[PDB]
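The lines below spell out each chain.
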Amino acid sequence: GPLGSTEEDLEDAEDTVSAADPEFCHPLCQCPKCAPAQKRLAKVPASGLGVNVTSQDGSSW
Amino acid sequence: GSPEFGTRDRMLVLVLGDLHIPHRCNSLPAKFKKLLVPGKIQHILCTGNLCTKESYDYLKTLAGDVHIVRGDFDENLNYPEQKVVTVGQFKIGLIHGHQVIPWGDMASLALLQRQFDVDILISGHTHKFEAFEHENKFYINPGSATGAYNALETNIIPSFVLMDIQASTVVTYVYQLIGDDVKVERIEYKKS
Ligand SMILES: [Zn+2]
Numbered sequence: 001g002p003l004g005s006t007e008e009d010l011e012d013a014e015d016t017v018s019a020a021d022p023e024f025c026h027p028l029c030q031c032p033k034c035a036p037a038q039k040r041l042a043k044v045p046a047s048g049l050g051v052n053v054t055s056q057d058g059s060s061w
Numbered sequence: 001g002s003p004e005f006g007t008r009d010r011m012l013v014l015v016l017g018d019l020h021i022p023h024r025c026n027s028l029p030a031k032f033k034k035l036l037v038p039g040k041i042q043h044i045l046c047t048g049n050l051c052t053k054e055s056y057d058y059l060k061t062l063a064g065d066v067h068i069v070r071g072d073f074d075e076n077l078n079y080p081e082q083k084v085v086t087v088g089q090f091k092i093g094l095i096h097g098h099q100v101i102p103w104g105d106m107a108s109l110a111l112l113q114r115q116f117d118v119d120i121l122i123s124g125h126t127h128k129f130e131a132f133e134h135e136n137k138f139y140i141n142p143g144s145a146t147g148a149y150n151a152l153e154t155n156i157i158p159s160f161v162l163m164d165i166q167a168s169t170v171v172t173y174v175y176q177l178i179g180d181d182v183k184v185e186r187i188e189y190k191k192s
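Quick note, the sequences are listed as chains A and B, same order.
With the working numbering, letter number 61 in the first sequence gets 61, and the count goes up by one each step, no holes.
With the working numbering, letter number 145 in the second sequence gets 145, and the count goes up by one each step, no holes.
Wrong hints could be hidden among the right ones.
Stated by the list, open to error - Taking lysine to any residue and the SDA-like style, the derived pairs with C-alpha atoms no more than 25 Å apart in a straight line are: (1) A:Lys33 - B:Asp164; (2) B:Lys31 - A:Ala37; (3) B:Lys33 - A:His26; (4) B:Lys34 - A:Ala19; (5) B:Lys91 - B:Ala131; (6) B:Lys83 - B:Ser168; (7) B:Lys91 - B:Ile187; (8) B:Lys60 - A:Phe24; (9) B:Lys83 - B:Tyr173; (10) B:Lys31 - A:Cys29.
Unchecked claim - Computed far set for chain B versus chain A, every beta-carbon distance over 12 Å: (11) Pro3; (12) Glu4; (13) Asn26; (14) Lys53; (15) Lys60; (16) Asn76; (17) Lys91; (18) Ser108; (19) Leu111; (20) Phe116; (21) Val118; (22) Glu133; (23) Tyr139; (24) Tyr149; (25) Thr169; (26) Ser192.
In case anyone wonders, no lab produced these hints; they're calculated from the structure.
In this text, a Cβ means the ideal position worked out from N, Cα and C, and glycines have one as well.
This is chain B alone, in the form it adopts within the complex:
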């Protein structure tokens, strides 16, 4: 048989944030630390605030290229309020979310997508995982990798998302820590 394509440039990216360490949590959930490993992720996008630099060193260990945006509780003010990073054929924007009013409104997020002109928009602040499509655009919210506390939701589920991009198609994997075992769901999205 013959090869479907000449070479492959697929790359996996890790998305998470709102760890709130050590403000509300001291570290990621035990099973998740086992799920994350260096040499497996080439790109890491962080939305929620670290906020302590100690967490930044941990993210750098999983991958060398890490992109982070300033959250409403980040100690380091040198982080960008929002950033647009291109990953292959996808143009992704990044922002914490506290600047979007109302905080978790979809119409407000969409209005921000236009200004950013990105195919995918990553944001958190609500600590609620969210992955849906709107008007040919994709929106993703990893939530809180440490299930950080949030006055608006009394039941937070810690979780992070990995995105696999082969080319013009992307598959996102979300890991939720429900009960002792970890459950995973698969969602696929493509420019077409």
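So that you can see chain A by itself, here it is in the shape it has in the complex:
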């Protein structure tokens, strides 16, 4: 069944949660991350439903 014959193989039994994790570059920089991620950089898509899918009214047709 499972790729690993061993029954145990979990690195962490429980996960943790947090509100936000802002990073600081220097004094006076409450920025988000000052990360290079911008419009020029494209992120890998990973959404099931989005603008790519549209809906039509069955009664209208």
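Chain A is already provided as a structure; the job is to place chain B with the ligand on it using the hints.
Coordinates of chain B with the ligand only, in the frame set by chain A:
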């Protein structure tokens, strides 16, 4: 593991001046206003002249403790020509710079350091950022936070500097507004 030290007394200080408002500029550069925020700075040192009191109220907002020296264009004459403020283990002196002749001479600034007997000397008037060490002493010039005009330099870059002091070691951060984005450099200095 164990804590490296019992308690921490590190404190960040903001250094800037030569805004020349409203004589040559009306306010600080847009992105810089976003960089500065209240509750983040505990000490503010100002060298260049405000000169209008309106700018003084803005500096008071970023921090309650603010130290300013009279510049050659300050309206209020109640400012001190020069002042020495101690910040933790560092003894810092403060002066505009128009009293140092020649205006941006390092030898003249060093001669002033002896009389003041300070570990760090802050001064402006030249509107040119400058952070270097000389004979076991440190000299810092924030320049013009508003890139105020200056007949001696046709290309002025607006910038301000933050100094982080954990104890006998200090790290200074300089923010220069080059192009639309703001660039920052890191310089570290320690009594040893
Ligand atoms: Zn940042």
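These are the hints, each one checked on the structure:
1. A:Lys33 - B:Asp164: holds (20 Å)
2. B:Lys31 - A:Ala37: holds (19 Å)
3. B:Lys33 - A:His26: holds (15 Å)
4. B:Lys34 - A:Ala19: holds (23 Å)
5. B:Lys91 - B:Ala131: With a Cα-Cα distance of about 17 Å, the restraint between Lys91 (chain B) and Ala131 (chain B) holds, given a limit of 25 Å.
6. B:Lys83 - B:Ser168: holds (21 Å)
7. B:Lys91 - B:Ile187: Given pair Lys91 (chain B), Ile187 (chain B) holds - Cα atoms ~19 Å apart, limit 25 Å.
8. B:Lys60 - A:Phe24: holds (24 Å)
9. B:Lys83 - B:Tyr173: Holds, at about 22 Å.
10. B:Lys31 - A:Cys29: holds (11 Å)
11. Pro3: Nearest chain A Cβ is 21 Å from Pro3 (chain B), so the label holds.
12. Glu4: Check passes; 20 Å lies beyond 12 Å.
13. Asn26: holds (21 Å)
14. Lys53: holds (24 Å)
15. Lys60: Nearest chain A Cβ is 16 Å from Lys60 (chain B), so the label holds.
16. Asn76: Its Cβ never comes within 12 Å of chain A, the nearest being 27 Å, so this holds.
17. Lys91: holds (21 Å)
18. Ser108: holds (30 Å)
19. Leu111: Check passes; 32 Å lies beyond 12 Å.
20. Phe116: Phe116 (chain B) is indeed farther than 12 Å from all Cβ atoms of chain A, at 26 Å.
21. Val118: With a cut-off of 12 Å, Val118 (chain B) remains clear of chain A, as the shortest Cβ separation is near 22 Å.
22. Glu133: holds (20 Å)
23. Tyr139: Consistent with the label, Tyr139 (chain B) stays out of reach of chain A, its closest Cβ about 20 Å off (over 12 Å).
24. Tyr149: The claim stands: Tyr149 (chain B) keeps its Cβ more than 12 Å from every Cβ of chain A (closest is about 25 Å).
25. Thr169: holds (15 Å)
26. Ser192: Its Cβ never comes within 12 Å of chain A, the nearest being 23 Å, so this holds.
The structure agrees with every numbered hint stated previously.
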